[PDB]
Amino acid sequence: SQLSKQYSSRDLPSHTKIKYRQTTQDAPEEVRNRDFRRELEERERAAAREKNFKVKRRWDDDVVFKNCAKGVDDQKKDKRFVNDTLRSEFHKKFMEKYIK
Amino acid sequence: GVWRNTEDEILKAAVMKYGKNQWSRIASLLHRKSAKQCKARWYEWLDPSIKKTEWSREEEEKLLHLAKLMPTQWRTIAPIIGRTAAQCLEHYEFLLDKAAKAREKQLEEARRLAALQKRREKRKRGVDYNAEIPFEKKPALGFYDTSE
Amino acid sequence: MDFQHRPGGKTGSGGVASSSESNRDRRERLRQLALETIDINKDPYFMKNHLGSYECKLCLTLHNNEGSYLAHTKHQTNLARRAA
Amino acid sequence: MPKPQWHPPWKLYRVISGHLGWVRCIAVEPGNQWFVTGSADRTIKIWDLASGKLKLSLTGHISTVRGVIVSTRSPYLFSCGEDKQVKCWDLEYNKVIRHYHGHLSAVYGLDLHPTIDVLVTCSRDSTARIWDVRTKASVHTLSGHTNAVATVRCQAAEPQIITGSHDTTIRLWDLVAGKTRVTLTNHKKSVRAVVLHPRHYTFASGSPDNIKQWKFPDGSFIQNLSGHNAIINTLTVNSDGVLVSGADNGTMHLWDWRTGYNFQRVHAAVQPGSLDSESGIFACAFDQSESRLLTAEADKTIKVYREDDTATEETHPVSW
Amino acid sequence: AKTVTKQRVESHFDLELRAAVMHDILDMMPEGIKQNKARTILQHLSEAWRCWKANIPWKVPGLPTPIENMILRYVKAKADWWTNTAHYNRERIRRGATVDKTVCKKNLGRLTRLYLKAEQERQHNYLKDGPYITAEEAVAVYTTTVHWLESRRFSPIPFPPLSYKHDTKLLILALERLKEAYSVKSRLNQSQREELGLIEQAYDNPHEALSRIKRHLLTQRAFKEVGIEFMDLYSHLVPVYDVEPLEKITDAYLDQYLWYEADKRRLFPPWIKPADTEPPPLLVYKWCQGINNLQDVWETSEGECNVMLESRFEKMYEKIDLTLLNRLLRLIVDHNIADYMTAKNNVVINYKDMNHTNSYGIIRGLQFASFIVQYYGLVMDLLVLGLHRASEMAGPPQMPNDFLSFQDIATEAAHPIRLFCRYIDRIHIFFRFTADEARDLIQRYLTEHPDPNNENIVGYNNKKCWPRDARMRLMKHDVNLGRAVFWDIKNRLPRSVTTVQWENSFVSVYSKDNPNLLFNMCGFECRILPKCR
Amino acid sequence: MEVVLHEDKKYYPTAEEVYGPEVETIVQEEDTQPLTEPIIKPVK
Amino acid sequence: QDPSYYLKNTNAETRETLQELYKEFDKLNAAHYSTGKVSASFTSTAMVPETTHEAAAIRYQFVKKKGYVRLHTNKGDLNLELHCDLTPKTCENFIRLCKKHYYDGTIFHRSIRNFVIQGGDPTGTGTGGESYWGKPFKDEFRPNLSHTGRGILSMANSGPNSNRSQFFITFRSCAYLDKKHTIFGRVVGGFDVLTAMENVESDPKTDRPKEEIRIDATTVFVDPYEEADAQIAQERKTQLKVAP
Amino acid sequence: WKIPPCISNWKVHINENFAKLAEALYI
Ligand SMILES: [Zn+2]
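Taken in order, these protein sequences are the chains called A, S, C, G, F, E, V and R. Residues 24 to 75, 182 to 229 (full-length UniProt numbering) are what the first sequence spells out, left to right. Residues 9 to 108, 170 to 190, 203 to 229 (full-length UniProt numbering) are what the second sequence spells out, left to right. Residues 1 to 73, 77 to 87 (full-length UniProt numbering) are what the third sequence spells out, left to right. For the fourth sequence, full-length UniProt numbering assigns the number 504 to the last residue and increments by one with no breaks. For the fifth sequence, full-length UniProt numbering assigns the number 1201 to the last residue and increments by one with no breaks. For the sixth sequence, full-length UniProt numbering assigns the number 98 to the last residue and increments by one with no breaks. Residues 191 to 215, 234 to 266, 272 to 457 (full-length UniProt numbering) are what the seventh sequence spells out, left to right. Residues 245 to 255, 278 to 293 (full-length UniProt numbering) are what the eighth sequence spells out, left to right.
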């Protein structure tokens, strides 16, 4: 309102100089003459290239169940993302960690 | 743990007044009763959705079938057949046995009487609406009018 | 001490009421609830005595408590007898 | 009635996920190396444009970030949020260096002057504020809107400040006096998006009623782009003349700017575990190469669209 | 304008949420319609969020579809903000970075609501997808239990008779166990005073209490609801159950009677721990001495290797099928007792405004839950060891063995599994292998799981509390042997009942390369080093 | 059927089923560079 | 795969146990408010999570205005207008009684002393006859056109799900037929014949007249239920030539 | 576009394999 004489502590002068972009920091005079299209295709191509007597049994023979850990393979199943915060993998890991 | 019919009528009136989710407010009325006891008494006996009828053939067949499938799990069995756990347990036992304003106006009148008594014997930075227009906005003029 | 986590209390309170004051407040609230349910049900048989007692005029029966009249709903046979 | 020029259609080619809130705004760095998203996760994420890899994540906002812009002539990143605070981040140290403060409610968007280095913010207290960048001083308070100002646009030519608000009005302001100049009341619903053409000295405004193309500087009405009857949240225009209108129901419409002819309707799918009600375009932006379209969909995704080069004119003919 | 500080976060967010919904009303409604009724829509949004918090199905029967889409979308936004705040506050609480009572209490409430949502999901998924036990696995478990009880000449536990000799002593023990918790003589409440009065009434007239207990055991199969709450131990939460005191008295007497009868009839073999004979430090010392007193245990001249495996059963309590539990408990006790045991677990769990019927898991708050846990663990010990090695470990039924002894050296050396112990759900197995058996086991494990690039070192875990010389040396042969042993143990247990995870377990190998044997029993990290090495 | 457990219990289609084979699905958590690494490098 | 997978060293009685067990063993119906399955499945984890909205079904006798039936009984030819908007079930039951001969040729169900006279029921006991579905349809009385006043035509019943064919013209206002008999509409013709039928001597034990007013003929002066059936048949036949 | 008032609360099938399992146990 500029008639008051109350000065806030965060209204003190600070960062009085504006930093401008330098020559290597994408100044607009070098932005204006560039072609972003072609550079975007070799960046995409580089990303795609860098993307790629008595005889006994066996000792474990006298059990009831076998090969129960057969289809147990996570692999890419940890890479799944679900947008449900109760059925996310992170929330399931959180609930099995923090509740005993 | 006994339940008189007077307490049942008071509980029914309290449920019809205070809804469902309030129980401590209900249990404030009932002497020597808890909110958990009131909730159990409502959901066990006094709820109007409890089927207080006789079992059909289909209900008894489903009850015997589900008692054969899941043994002694009546809290799971009972919402499938629509009865409560106690009724279906008792009926299953029976089937096995068979098989075997004015105050402010008065204060204003007293203040007016005191004001007339003081007149017969600041403004607190307010706006007096009876003296002039409070925020005078004149109507817009155009193409007409000769006042009055 | 944790002043913002102490149990809540205000100055000039007066304390909690005794058993008699809570009992008569519960009795007054039970009377209010019974009168509210009577006015909701619109039963004309309810009357208050000059000594202050509940009376069923259709049954002609006095009641000591509010729940005694609340359980008086026999009353259908007495209403059919007093209808004629 | 001239025939519209044939534009090739666009197709989705990558979907980026990782935000834990609604992605509300998308800005592109002027050297086209990376882009940046603000979310309801109270985080601001710098993403690589080509690879799509998450380059950086910055915290510091206390509520939902509503608008993010990158300065073309300074190494600064300006972020506005629902926490009634505007932050100027120095990218040189990746830290907040300035706090623009004085809005009474949530800031719904912001824009930078391309030449003067002055900042304009529009907020929910029915005001826009014009702030000097270095001194953090609110040099003007544009008022006159009766409801919340949904968006603001800024340009070098007269008039400098364009405001669209929720009381069905568009105000063309004057920068030096802080007074309104032109009021446009043609819209029936809330004006949620305005976009300015890069070269034709015209602009368009978006509402759930219609899309309206006008003419600078008097704001004379030019054209009524009809169809796409949903709550349009965003509007961007290609340099080639392609206008993209994104709605709150998830549907996207693509138009020729001149004739106002809708040539493509794109309704993308959602995240794997997601409701059908969580389909909605909050913001969209072209890149500096005008070849990638980046949308901030309401299922916490960034969806990126490319031109389909295999299509030709007889394969996708222009109707009428 | 005031800034949004910490104490002004949450309400302000709700305020902003309200404003957003208001804007989304005012441009969604078409031309005409004078009655906007936006306050009713905001009330519907508040009711939908309150129904989301209590896991109640929210469905307005007549409501326009875009308004419903708007309400569901904004409620999902609020729920995501709520859950991410809960995750961040729990990380800050576990790190100890926050000392705040309101944050701790709010986060405890939020995690209680989240756990009950997940538990109701689990119960509905059990009732919809059927039993996970299949058919032949339960038949094999039942048959193995029948063969084990036939082999031990076990006499089944009868009903408590009308004139029992020790019924008053068991009642006195159960009443002292129940009076243990109320010895502070604090202010209490109504329910604790009711429980203490019930304890005193049963103490004055024990005969009427015993008759009521036996009547409850004979008759009742439907019970009252149980309350749940959580203890915040700042690293994990512990569920605490609240039971009606009459059922608590009956369950305490049943627990005392069942444990006395199982100890008298010798149902539990001595490897089941915690026994009453020793404290757990004495259990650690007895385990170390039983390792040390084996025949030629430290001799590694011919490539003999010792393997110490420590693990848990993970979600053991949550996967006890109640029909299979009733069929298993009918092998031990009278059918009325086992019907009470099964029907006590099928009750309604209540917390504030949530109720759900527990149909799959066991409830650990019961007084007799420890007996069921140790009996199910006996069944799992029979599944792991097999019948022959368990009969060798327990010895003959006429002359039973003690905890870590055998009848003969030849009975010790007949199997690789030398020592075995189960501490409720923790499992500690000590193997001794020759060279040929270890080579055959490694060959079979590499046949099923090939790894040519030797990546088994990377996922392997080690005890970081010890110095580098005291740690396990990670040669290829010992790592492959430990993974082979863990794979062979994990193949024995069907995943429907219980599973053993590699991350929560630890396998240590003693060989010619590793001189130290590392394990962790109770709260004790132990490292055994022979004088020869 | 061979009964799926509650531990797996795959709700929802996967992302390749939803978006088709042409769309590249990227899921990104954690930054590739730390916060001390500055976007737009200073001249020196 | 095979049931003997995850099974080695099978016991005896396990093998005969498994052997014995194996030896033993829509366009116009879119009502715009949708189903409540998505919102309940999102707000609660006790159902299967469904993520796509589905519109709820609705035919509820979509008719055109109010019907009018002319019954030529022994009192004469009286025309009564039944409001399908007040009660579509009562108008549909009256049209089905006049169409499937439940009312044509029927006897008078009841007749009170200038209060109400019921006809169109083939049983004649007060609530006889049949509805369109065979069993008696649901009964509901509207507040705009109730079963009160002179000549109020109502589907006569003792309550809900009991009104099949008994159409009662009430000649006096009474609250007994309110919320028990589905009020179709009002009599628009033959008021003198209905007053002479109600004013005749009647037996009060069965509440019926000595001479039963029997409906000799029925005519559809205006048929809202038949027009709704024709519109439903046209909507069905719009997609029936390619859907056989 | 009619909106009913909010009625505030604060102001089932079985899979068949179950049956098969029970039968197996009895056998
Ligand atoms: Zn009476």
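Do not take every clue at face value.
[Stated by the list, open to error] Take a look, some chain S residues computed to stay more than 10 Å from chain R by CB distance:
1) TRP11
2) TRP31
3) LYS47
4) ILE88
5) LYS205
6) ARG206
[Said to hold, decoys possible] Some chain R residues near chain S, calculated using beta-carbon distances under 7 Å:
7) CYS250
8) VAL278
9) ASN281
10) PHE284
11) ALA285
12) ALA288
Don't read these hints as lab results, they were simulated from the structure. All C-beta atoms in this analysis are idealised placements derived from N, C-alpha and C, irrespective of residue type, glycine included.
Here's how the hints hold up against the structure:
1. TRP11: Label holds. Min Cβ-Cβ 25 Å, cutoff 10 Å.
2. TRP31: holds, 12 Å
3. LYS47: holds, 14 Å
4. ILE88: violated, 6 Å
5. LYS205: Per Cβ check, S/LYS205 is outside 10 Å of chain R; nearest 40 Å; holds.
6. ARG206: holds, 41 Å
7. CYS250: violated, 13 Å
8. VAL278: holds, 6 Å
9. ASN281: violated, 11 Å
10. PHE284: This hint holds: R/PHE284 lies near chain S, its Cβ roughly 6 Å from the closest one there, short of 7 Å.
11. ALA285: holds, 5 Å
12. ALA288: holds, 5 Å
Of the numbered hints stated above, those contradicted by the structure are hints 4, 7 and 9, listed in ascending order.
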